[PDB]
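Next comes just one chain, in structure tokens: the form solved without the partner chain.
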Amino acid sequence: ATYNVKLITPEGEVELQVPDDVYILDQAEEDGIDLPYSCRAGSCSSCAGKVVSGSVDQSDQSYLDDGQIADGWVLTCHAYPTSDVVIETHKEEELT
């Protein structure tokens, strides 16, 4: 399947279609949309975002704890969409 992913960036909303087997960061980059990252391995805070609605699979990220996951935090470099999803990006500072 492929899902509608709305990214609310610091400079506005942009929508893109992300296959369920492509990481959200990776699709964004291919579609010309600059999101922050560092490790691209699921083990830092750089690519942090917060889910507004919808769901992702980020099993196999390691940095976020269950508290942070329960509060909607997502590492965009190691997250696949599992429904249409709305995600605020560039949220490291708020995490961190």
Contents of the next structure:
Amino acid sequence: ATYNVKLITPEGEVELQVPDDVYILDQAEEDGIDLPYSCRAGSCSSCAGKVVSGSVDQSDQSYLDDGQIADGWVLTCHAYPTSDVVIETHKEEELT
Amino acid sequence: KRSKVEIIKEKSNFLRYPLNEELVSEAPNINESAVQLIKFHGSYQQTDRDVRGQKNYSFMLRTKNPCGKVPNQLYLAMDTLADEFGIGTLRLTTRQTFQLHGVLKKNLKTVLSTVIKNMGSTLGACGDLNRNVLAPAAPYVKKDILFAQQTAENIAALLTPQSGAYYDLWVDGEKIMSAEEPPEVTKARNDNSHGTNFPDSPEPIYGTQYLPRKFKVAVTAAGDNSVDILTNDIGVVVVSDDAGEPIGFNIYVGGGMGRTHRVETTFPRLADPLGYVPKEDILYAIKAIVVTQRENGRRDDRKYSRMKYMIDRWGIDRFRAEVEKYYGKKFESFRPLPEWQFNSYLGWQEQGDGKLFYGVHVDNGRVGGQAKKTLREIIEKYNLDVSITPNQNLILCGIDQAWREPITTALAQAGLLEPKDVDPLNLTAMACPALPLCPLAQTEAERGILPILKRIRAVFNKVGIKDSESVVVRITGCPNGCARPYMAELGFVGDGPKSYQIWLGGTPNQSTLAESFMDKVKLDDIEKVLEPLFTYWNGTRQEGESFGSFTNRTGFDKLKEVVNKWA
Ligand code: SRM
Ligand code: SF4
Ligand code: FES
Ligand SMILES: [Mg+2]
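Just the form solved without the partner chain so far, so send over the form solved in complex with the partner chain.
What follows is the whole complex; the chain from before opens it.
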């Protein structure tokens, strides 16, 4: 399944199509869309975003606790879309 | 500001709590504090990343084996343990230790106590602690080789945690029989002449907070760079007299591989020559250096905690002066050394005492299947002690001449070949484990390197490069650098799901630091880069010039132009 992934960046709304077996960060970069990262292993806050609608499979991640995932935070390097999803990116500072 | 790990250390009662309670809970995993603490006891919780939508927890253990020396009894235990409690393999490492992957939490105590009780230890194999101390792996009886090895063993001993949490957790505080440490070590450890120690602490050297991060030392004899000395926090080199009698040591400081992609403030670094000390001083100088790091290394942000950063920030002269305050005297001038040479120690060689050794080439250090079974039969039948090399190889030590044929035969039946029968690219290649059990991996390394080597040989053939020719290829799944890819003639460093950052400029003797050449080269595309580089090397190198020397001489501008111009 491929989902509509709308990224709310400080620069604009970019809308991309991401497979449910492809990390959001990975697909974004493959298009030409510059997103923040460092470790790309779900172990930090570099790629942090907010889920504002839809769902993701980020069960590979390890940084965020259960409370923080319940609040809709996402590590975009380690997150598979499971629906159409809106994400506000560049939220590391907010977190953090 | 202090990192989360500093607080976990602070509140652990010298690495006991809450690891103690977590080890006995019904969960298959342990909590975040315990995850961090158990590293100090030489174990890492891991999950198998090949199984998705479900976390399969397991623990990896890593041994401590100064100089890579492994007694027969320990080898047999580790081999049995891998089959009974692990996933059937042993993993030889770039620091001369074993790792055993795949151990369930419920069996973890059984396995560490077995190691403890069969002449082994995993204490401080991980953690903010001194790591395995490297030395020449070859069992030569030559005086200065022997002296390198004894020196490495004393340093490991000097920097071993003293708090007792280790035996407390794993063998219920039992006394475990070990050979006595040389009086030299005890005496250096206890010296507080220069305010190095916390004499009221359960950890007189480490204190409550241990070190800011891992700390790595390598020891060698002049000329032998099997240890990749320049990548270490301390490099120690035996200096002899003309008659071969050790007189002192040259010391380098401040090397390290770890870096992070897009964080240009992190970088690999070569260790600087610091100075020379007479032989009796060595453990004093080493502590002085460790204490300087203990006291000054950053504890706010773990990316900048390694000693290489404080040396980059301070400069070597200010660093030296600080170290001398704890050594209580001045370093002498670093003494000139010969050129470094890489030594694999592979094949049939003489110890110098009438016996032979044989270096077993093992791709990636992975010992499994028939090869594992055959090595254990040989090692058991002949009661061999063994040694692990910093290139993830295994040396069979102490072999009678009359056993050469029977051993060679048994190894060949298992497909463990002599170097003449291995592609030279394999002999000098390394890869880290990466996927599936590394939590930090971005891509494959161990599981993809061998098809990459075959691809590189195919490029050589296509270009018309002879099959005896080679380059050092090292691959990691992420930029932490565990296979030391920043020293390679050709490094691939994982930087996306199937892409690598290519590094060039390392040399065959690991005397030079590679530089980032191109980013995000897709696995499928590697020949588009390689074929033109190796065409230009073959076409213009000087007679017998290695690819790394050629690289550094011609420079990146011309190299990128040759690559550009191919596409
Ligand atoms: C097994 C080994 C690679 C190999 O193929 O042999 C290894 C494998 C791991 N290394 Fe390493 N490192 C291994 C030597 C290296 C070396 C090479 C060396 O020491 O000469 C380096 C570069 C030198 C250096 O430290 O700069 C190295 C740099 C790291 C780093 C980055 C450290 C840093 O300060 O930036 C980490 C990550 C960390 O510590 O945060 C890391 C962490 C790891 C972990 C434990 C991942 C983790 O943190 O959970 C590895 C587990 C992989 C797995 O599934 O088994 N490993 N690691 C080598 C184990 C050596 C040992 O017995 O102690
Ligand atoms: S270099 Fe990265 S991927 Fe490889 S073992 Fe080390 S931490 Fe894991
Ligand atoms: S980049 Fe470190 S968590 Fe995604
Ligand atoms: Mg090898």
